[PDB]
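Participant: Here is what each chain is made of, one letter per residue.
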Amino acid sequence: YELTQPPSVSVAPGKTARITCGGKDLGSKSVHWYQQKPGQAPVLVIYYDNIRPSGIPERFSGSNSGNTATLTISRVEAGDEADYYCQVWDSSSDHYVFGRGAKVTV
Amino acid sequence: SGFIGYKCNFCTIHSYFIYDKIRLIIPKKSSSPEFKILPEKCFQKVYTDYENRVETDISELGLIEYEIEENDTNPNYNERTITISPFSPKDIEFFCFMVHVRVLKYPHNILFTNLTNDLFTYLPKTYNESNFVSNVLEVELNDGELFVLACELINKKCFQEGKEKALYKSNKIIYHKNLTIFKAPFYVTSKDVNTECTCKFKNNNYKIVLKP
Amino acid sequence: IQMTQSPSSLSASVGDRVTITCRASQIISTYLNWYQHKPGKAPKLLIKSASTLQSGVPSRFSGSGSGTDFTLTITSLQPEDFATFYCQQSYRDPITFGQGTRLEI
Amino acid sequence: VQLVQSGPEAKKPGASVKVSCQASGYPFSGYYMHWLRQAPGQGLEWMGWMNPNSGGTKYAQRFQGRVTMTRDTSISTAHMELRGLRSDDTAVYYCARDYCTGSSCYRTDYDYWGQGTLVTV
Amino acid sequence: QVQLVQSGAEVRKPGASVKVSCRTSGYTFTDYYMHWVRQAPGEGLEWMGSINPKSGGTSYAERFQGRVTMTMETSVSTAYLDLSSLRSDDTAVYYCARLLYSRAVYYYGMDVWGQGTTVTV
Ligand SMILES: *[C@@H]1O[C@H](CO)[C@@H](O[C@@H]2O[C@H](CO)[C@@H](O)[C@H](O)[C@H]2NC(C)=O)[C@H](O)[C@H]1NC(C)=O
Ligand SMILES: *[C@@H]1O[C@H](CO)[C@@H](O[C@@H]2O[C@H](CO)[C@@H](O)[C@H](O)[C@H]2NC(C)=O)[C@H](O)[C@H]1NC(C)=O
Ligand SMILES: *[C@@H]1O[C@H](CO)[C@@H](O)[C@H](O)[C@H]1NC(C)=O
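Chains as they are written, first to last, in PDB author numbering: chain L, 2 to 95, 95A, 96 to 106; chain A, 42 to 50, 70 to 157, 174 to 288; chain C, 2 to 106; chain B, 2 to 52, 52A, 53 to 82, 82A to 82C, 83 to 100, 100A to 100G, 101 to 111; chain H, 1 to 52, 52A, 53 to 82, 82A to 82C, 83 to 100, 100A to 100F, 101 to 111.
In short, the hints are calculated from the structure, not lab data. Accuracy of the hints is not assured; some may be wrong.
Straight-line Cα separation of at most 30 Å, DSS-like style, residue types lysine-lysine; simulated pairs [said to hold, decoys possible]:
1. H:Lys19 x A:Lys241
2. A:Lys96 x L:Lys25
3. C:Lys42 x B:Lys12
4. L:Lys25 x A:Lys241
5. C:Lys39 x B:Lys12
6. A:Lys201 x A:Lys150
7. A:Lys267 x H:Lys19
8. B:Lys58 x C:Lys39
9. L:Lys25 x H:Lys19
10. L:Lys16 x A:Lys150
11. B:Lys12 x C:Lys45
12. A:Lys276 x L:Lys25
13. B:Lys58 x C:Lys42
14. A:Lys88 x B:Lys58
15. L:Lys16 x A:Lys276
16. A:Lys259 x A:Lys150
17. B:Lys58 x A:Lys96
18. C:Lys39 x A:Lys248
19. B:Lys58 x B:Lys13
20. A:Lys278 x L:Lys16
21. L:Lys16 x A:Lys241
22. B:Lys19 x C:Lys45
23. B:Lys13 x C:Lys42
24. H:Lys19 x A:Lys283
25. A:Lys267 x L:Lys25
Could you build all of it, start to finish, from the sequences and the hints given here?
Facilitator: Okay, here's the thing in structure tokens:
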């Protein structure tokens, strides 16, 4: 299916940023969040909708509840200016559906 | 086993006790002093046998993990309460005079995951946290297999939601003393069914996945 | 239910531990209380249920035993400890006390 | 907490004695009143308990038809009347409160006793 | 000491064929799923297709089903993407990424991504 991520998110430094990953019955399907810098490769920041990788600053966080998945990147600071895409593996179609994206600006 | 009664108002209990509680409903004696119980400290110092009535402390019967509660706030009635546990290795019995409690040893197996940092020496049958593969652990469970999760930060909606449509039905889910025990249904229609939960160790999210 | 205290006749020096065995006719579990009956005055409860000490009783006095045989342990004898001791059978409707144990100095 | 008992009184043989038991520092209701016979040279012997709340009385098998226990809620005093005094009915009588009746334990304990009413027959 | 290195930037005329390589130096191949994701200039990422490491996988996106043929030789432990019939919608920066192979695939993510191959059409 299609993920209805917002076209943009506007945030101030030292605040919480919420990127909602919207999809039908998205609670039953895992989301994987990837941080897209303008030139650097997608850095995985959340996988299996709440897990923090081994190497990452602690402020990154995220949860999936109901039909919306929120990447709560608390304490927004410099270096977080990126596009965060949620990826969902579609079991019925056996093909991963990739989110449109939502740039976070300080 | 095949019983749904656990109240003790000749109450005889024969059940697989998985952190299940025994309600010893006894009068204050300020209304009817003829009634008495022969063991004073019932469920704490209780007869091991039926004919040879000898007082033995509750530590020396065959229970493994336990806590005994006497709480007297209710003015109408007072109760002496004991919690039993799945960790027992044999079918012990004790009699409070008659209150017959049978702690049947659990015929199936036990699987314990201690994501918490603590020494639950009572049941050393495990996976630890090292078996977690990429911070996710996938523990299959045979029919009736008793899964235990020791993680204190269980968050909410543990075993409530199962990923990928159909949810793995659990007969009983117990959350006692920060300890989360999963009872396998012992009968499953299709093997391809999943139940999930969350845990927070070292602020990392460790999650367990249970399948038939 | 005659609860005979066989060690009834006693004579103990100050500073010496004692043991008073108290035995009843039938099994009466832990339903025992120990009283200190000074000459004149009034009896004073020492141990409740034979396993926990009554408030206002020094650490010298202690209770042991269950079911049929019960024990008194005194760490150090005192002139206040000098008195007659009785057993109370809380089990069964009549309450048969002991014959006494004069713990003579 | 203290329990005061009336002064000793010596009645003639064949008469009756009334002994007064006063409760101070604790609610008179909710605690059974137990009477004990301290015969000289003999052990304490239990006579009966009186329930303050209900008013019911139960007596020992020996004194099933001689002793009578009453009270007065206005004054909160416990009275015991014994009839048919004999040469073996001379003793020191104590009324004690059961601190254990109120909660938890089923045993009978006598935390506080009376002064001891000396009755001579 | 562990990294994923892709082919250098290449320019291909429209209608031709472009081959993109993804060799796994630090990590042994066939342990992880192999995925191909392309990012159009000034546009969101689009995952092209996935090949199962244990057995050959035909899972491709519906948009890229006709012209994508993903082969795994495993002799040099390199992942090869064969792309042909290029057009204005077939130019992007291509990224190869790995996720752990499991019986159920929804868990685990693309922890490590390739260096990036720029294709101009
Ligand atoms: C259960 O948890 C403990 C602690 O998280 C694990 O390791 C034990 O660690 C203590 C020291 O903290 C040692 O003294 C114990 O001997 C260790 N346990 C064992 C069994 O060796 C433990 O491995 C976990 N699993 C079990 C089965 O106890
Ligand atoms: C259970 O997990 C513990 C770690 O919590 C493992 O214990 C370590 O084992 C290695 C290898 O034996 C030792 O070098 C470490 O010193 C141990 N750590 C501690 C804190 O004792 C244990 O190996 C695991 N159980 C297994 C793998 O069976
Ligand atoms: C048990 O005891 C606790 C004491 O903390 C009291 O709060 C509670 O009301 C009691 N419950 C029952 C059922 O007696």
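Participant: Could you grab the alpha-carbon distance between B:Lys58 and B:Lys13 and see if it respects the 30 Å cut-off?
Facilitator: 26 Å, holds
Participant: For a C-alpha distance cap of 30 Å, please report whether L:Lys16 and A:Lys276 respect it.
Facilitator: 23 Å, holds
Participant: Run the distance test for A:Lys276 versus L:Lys25: straight-line Cα separation, threshold 30 Å.
Facilitator: 28 Å, holds
Participant: Assess, step by step, whether the Cα of A:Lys259 is no farther than 30 Å from the Cα of A:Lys150, and give holds or violated.
Facilitator: 19 Å, holds
Participant: Keeping to a limit of 30 Å between CA atoms, is the pair of A:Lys88 and B:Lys58 held or broken?
Facilitator: 18 Å, holds
Participant: Are the Cα atoms of A:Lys201 and A:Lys150 separated by 30 Å or less?
Facilitator: 17 Å, holds
Participant: Given the hinted pair L:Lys16 and A:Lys241, is their alpha-carbon gap at most 30 Å?
Facilitator: 35 Å, violated
Participant: Assess, step by step, whether the Cα of H:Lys19 is no farther than 30 Å from the Cα of A:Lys283, and give holds or violated.
Facilitator: 39 Å, violated
Participant: Hint check: L:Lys25 vs A:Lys241, CA-CA at most 30 Å. Holds or violated?
Facilitator: Answer holds: L:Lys25 to A:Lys241 is near 12 Å, not above 30 Å.
Participant: For the pair supplied as a hint, A:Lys267 and L:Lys25, is the alpha-carbon distance within the 30 Å limit?
Facilitator: Given pair A:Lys267, L:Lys25 holds - Cα atoms ~25 Å apart, limit 30 Å.
Participant: What's the verdict on C:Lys42 and B:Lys12, does the C-alpha distance respect the 30 Å limit or exceed it?
Facilitator: Distance ~22 Å between C:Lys42 and B:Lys12 Cα, so the pair holds.
Participant: Taking only the CA atoms, is the gap from A:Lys267 to H:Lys19 under or equal to 30 Å?
Facilitator: Cα-Cα ~41 Å, so violated.
In terms of the numbered hints stated before, the structure departs from hints 1, 2, 7, 9, 10, 18, 21 and 24, listed from lowest to highest.
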